[PDB]
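A single chain comes next, written as structure tokens; it is the form deposited without the named molecule.
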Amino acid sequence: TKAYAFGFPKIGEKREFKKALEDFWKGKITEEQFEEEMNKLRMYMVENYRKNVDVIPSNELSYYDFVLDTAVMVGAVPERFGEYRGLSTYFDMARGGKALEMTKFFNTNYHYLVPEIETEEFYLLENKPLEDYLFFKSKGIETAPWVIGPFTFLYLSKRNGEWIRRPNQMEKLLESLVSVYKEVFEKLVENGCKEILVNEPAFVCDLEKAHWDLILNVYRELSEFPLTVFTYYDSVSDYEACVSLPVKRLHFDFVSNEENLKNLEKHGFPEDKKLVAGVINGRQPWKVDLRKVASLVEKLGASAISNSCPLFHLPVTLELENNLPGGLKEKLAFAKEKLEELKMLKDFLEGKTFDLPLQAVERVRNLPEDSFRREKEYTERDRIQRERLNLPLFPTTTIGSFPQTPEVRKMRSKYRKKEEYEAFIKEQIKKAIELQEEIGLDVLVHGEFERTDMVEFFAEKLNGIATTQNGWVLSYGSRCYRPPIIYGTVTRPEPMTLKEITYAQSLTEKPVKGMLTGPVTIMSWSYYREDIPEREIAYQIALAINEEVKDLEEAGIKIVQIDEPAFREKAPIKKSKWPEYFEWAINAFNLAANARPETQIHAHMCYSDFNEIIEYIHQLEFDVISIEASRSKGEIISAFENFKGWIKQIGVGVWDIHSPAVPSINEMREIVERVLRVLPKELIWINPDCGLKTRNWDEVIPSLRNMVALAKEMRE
């Protein structure tokens, strides 16, 4: 049994990767020092592989992003960066002022950099696969370079501001592209490379027959090389076309979906090649019953095994996590432990090893069918809310978070590392409330000074959810986070945000909004049990959140905001599966947002465009939705304008909070004036695009004053 693994985390057990990057960016260390740090990580990674599997990947230590690495390999460096000068340029492309766009890698919380294709001509600018292959080879360690395949690379790239995903857009680029892959592979083989790991996750996307025609041509041109093709994150819809590819080894993800297995049972698997069975989950941290896995492997008739999808979605190691809820650690397995499972699975399959390792649940299961809608419909709630709030036309507000002083950051760190902290928080809130009132904002926020991030803050306060000490996972570049683990029934023992919001409201006559995170978002940034349906977990969390809403309502809070960024982001990769997904995502949100008619519910959505989801948005029980309209100068409004029967209020983001610039009153006006083209003025709120936690006070205060001034003008 041939054992593969891929995507082992690169960050190191002590996050040496993060420290190396930031120490280089801040100049604390030289480039030669940086490369020495990197070389340590390389060896650490392969040593983990060497101890556990048969095929050892190289070219996996990307200094920022592997898609960016691919772009550089094929010479796709945009004109604005000029001559490619190595690391300096690389990091300018990744994190510079004019950096490439960053976006989510398929349906995961990893973010890659979007290549920009300016020329139709690709060339070999740098051969990192050969470089890394020789690095390990010189040490007497044979490795298989890990590369992003030509189709997927193009599929993840943009040209002229748009994806390159229509078959008629890809053809010519593919021809030039493949030529560069041919050169790279030839160099590898000429140097004695025996196997190359080609990643083609885009094969699991909604493709047409014409895509597969192009893909067929690409791999015909590469059929002389020893390639193993990997696919993951979902099933490959056109199974027959996929197993027809002229490659000798093909990997499928048999964990994230049922269709791969079903299709394999139907059409069988070509004798002309070998199956690599991706059967150990790369995305969840649960130890599996290896006897069950072994049986699956036999049913598949596979002679090779591996993880289903990249291991870098897991933390490095469980070893030192010794303050987890009793009995939990024994059910877990992080990246290192996943390699060990593969080794054990191989050992078992080869015969070398014989020993292998309600009250709230009822509420959910028995939810009345009426629980998923609010008491009164929008039109009637609206009159009640407006009468209660007495807001002016074009009310102004903000999205929730405020700038964090070094003091605020340090204090929060100290506390995490109670009475003194609370006092400090109450102090910053008073200041923020007074500042907002002085500026003349209509609806206020408490600023979220007490929160690290919108998921961890709540995860830490919910039963059934654990948080780790060192379970770091790379989000992008040098930024890591620790995903919570939803290990049991989720409930909310005590109020989570009452203290802060209540105090805040007691300082002003103006409405102060409650500030919560939705259920799907909490799930999306966490690990969770697989023996229970996603929807039931979401509902549990949603009911817990609704507990907070009621408590907020009881304390007299008139407005509650529920941020659900994962609404679209957790949608399946396959469009055909959307309706079933949104059915429960909608239900989950509505359970959380089940508020009295008198309570105005706000929902913030970060999406750059709502055209594909407007139909699902229309089913949510919010009263106000805030959108980020600045970057499109208001054109994002099109989806709402063209939705016959849109009657809900819209919070128009008129200010790009990812920039230090203070927008002029006219710059904001352009946006507000655009949204007012069709929609009635009574629906329009004015706010920033998003939270202000990344901004500085010096730029926020002037921007807010301009926002208020604009509202005043607009009313007149």
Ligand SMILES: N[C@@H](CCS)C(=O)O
Given for the second form:
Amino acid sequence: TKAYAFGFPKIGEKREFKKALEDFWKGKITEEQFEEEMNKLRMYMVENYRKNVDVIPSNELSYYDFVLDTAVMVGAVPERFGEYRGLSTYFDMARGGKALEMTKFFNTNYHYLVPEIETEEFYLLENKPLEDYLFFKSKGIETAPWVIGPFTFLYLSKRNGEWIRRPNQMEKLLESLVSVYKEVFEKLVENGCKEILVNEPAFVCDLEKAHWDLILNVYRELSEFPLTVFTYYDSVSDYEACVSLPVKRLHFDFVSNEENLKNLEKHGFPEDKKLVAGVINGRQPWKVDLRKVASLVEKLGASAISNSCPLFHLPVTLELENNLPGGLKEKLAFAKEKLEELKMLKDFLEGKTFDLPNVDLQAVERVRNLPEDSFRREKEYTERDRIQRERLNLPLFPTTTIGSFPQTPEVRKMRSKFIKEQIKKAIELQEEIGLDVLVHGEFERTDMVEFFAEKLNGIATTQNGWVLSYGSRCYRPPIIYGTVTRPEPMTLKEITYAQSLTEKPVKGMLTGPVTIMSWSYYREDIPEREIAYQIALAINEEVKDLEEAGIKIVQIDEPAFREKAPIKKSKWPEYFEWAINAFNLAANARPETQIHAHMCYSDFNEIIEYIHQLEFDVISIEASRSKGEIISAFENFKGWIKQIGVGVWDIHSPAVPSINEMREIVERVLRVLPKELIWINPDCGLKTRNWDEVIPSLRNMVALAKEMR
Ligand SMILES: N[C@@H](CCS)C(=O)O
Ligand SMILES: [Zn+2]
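Form deposited with the named molecule bound structure, per the form deposited without the named molecule context:
Below, the chain from earlier opens the complete complex, with every other chain and molecule after it.
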């Protein structure tokens, strides 16, 4: 049984990767010292592989993003960067003032950099795969270069400001692109490379037959090379086309989906090919029952095994996690432990090992037995709207903000090591500024998920369970290990105090159930919807307590509402059914309670009918970057009647937008939609901004409002 593994985290057990990058950028280490920090990590990764599997990947230590690496490889360096000068240019492309766009990588919380294709002519600008291959070879260690495939590369890229995803957009570019891959592979083979790991996750997207016609052509051109093709994150819909590719070895992800298995059972698997069975989950941290996996492997008839998807979606090692709830650690397995699982699975399958590891009722029942009426509020919007508008007495074009305020070094220090003082001062400033609806600033919160994850039962947090989000930024995902419930009030202290300082309405501030799940690990042996409902009910407990304490407005932040959706559109209806229900459980509030849903993602076009089913009264959106055009989905929706909070200010920029810059967005929004619907707010929270920027911007949106009235 040939064991593969791929995507082992690059960050190191003490986040040496992060320290190396940030030291280099700050300039306190040299370029040579940086390369040495990276070489240490290279060896660290390879040692982990060597101890556990048969095929050792190289070309995995990307200095910022592997999709950016692929772009550099094929000479896709946009004109604005000038000549490619190495690390200096690489990092300017990654994190500079004119960096490539950053976006989520498939349905994961890793963010890649979007290549911008300016010329139809690719060339081999840099051969990193050979460089890494020779680095290890020179040490007497054979490795298989890990590369992004040509189809996936184009599928992840943009040209003329839009995706390159129609078959008639990809054809000509593929011919030129493949020429460069051919050159890279020839070089590898000429230097004795025996196997190359080619990653084609885009095979699992919604593709058309015309796509597969192009893919076949591509791989016919590369049929002379020792390629093993990987796919993951979902099933490959055109199974027959995929297994017909002229490649000797083909990997499938048999964990994220049921269709790969069903399809292989239905159509079989070509005798002229070897199946690599992706059977160990790279996205969840649960020890698996190896006896069951072994049976699956046998059923599949696979001669090789591997993780299902890249391991970099997991933390490095569970080893030093010694303050987890009782019994938990024994059920977990992070990246290092996943490699050891593949090792044991290979051993067991080879007959070399015989001993394998074994591996809140009231809340559970309440969810399983929810009344059918649980997913709607007492009164519908029209009736709610009247009651709320009378209770609040807000002017036309009311102004508000999204929740978080700038964090002084003091604020960050104190939390790391008062809140009542910051809240007072923040509420004071808002009043003096002239804002209509106020917030408490979230000074007491590390981030919108962790803050709540730490206060809920059924959820654990780790000490060192770091996972790469992008560049040098890591986060520790919570682990939802059991029934979720809310023992004690989470935010009442802060909001209550806040409201007691002003006659103006202060927002309750909560994070939705879908977002909490999207940024956390959770259990696989429970339906996703059950987990979502459990969390939703726990959040609703907080909502009740807030409105009981006299809070008139409550905001539920659901930034991941679309991000959490399946890769395949055919799976959207089932997903949104529970996502909607979960949100509605959380938002189940009294008619006099005005609910705000904050959803700062880029477009609503394909999901407006789902949004329409949500029980919020106001929805805040990010409209600045699109100059209001994002409103298209809403104005195009016959029957839209709910209030929209229009983002007039890009909070990711330090600039202070002019009254006129804000005005343009609001006016684009009033082309169709009734003025009574419109609120004015920033795109999102202000936690990453400076007070020097925030205060004048706020005064500007207040002034724009008064002007619009
Ligand atoms: N309430 C959060 C939402 C971020 S999506 C904030 O204002 O930072
Ligand atoms: Zn937001």
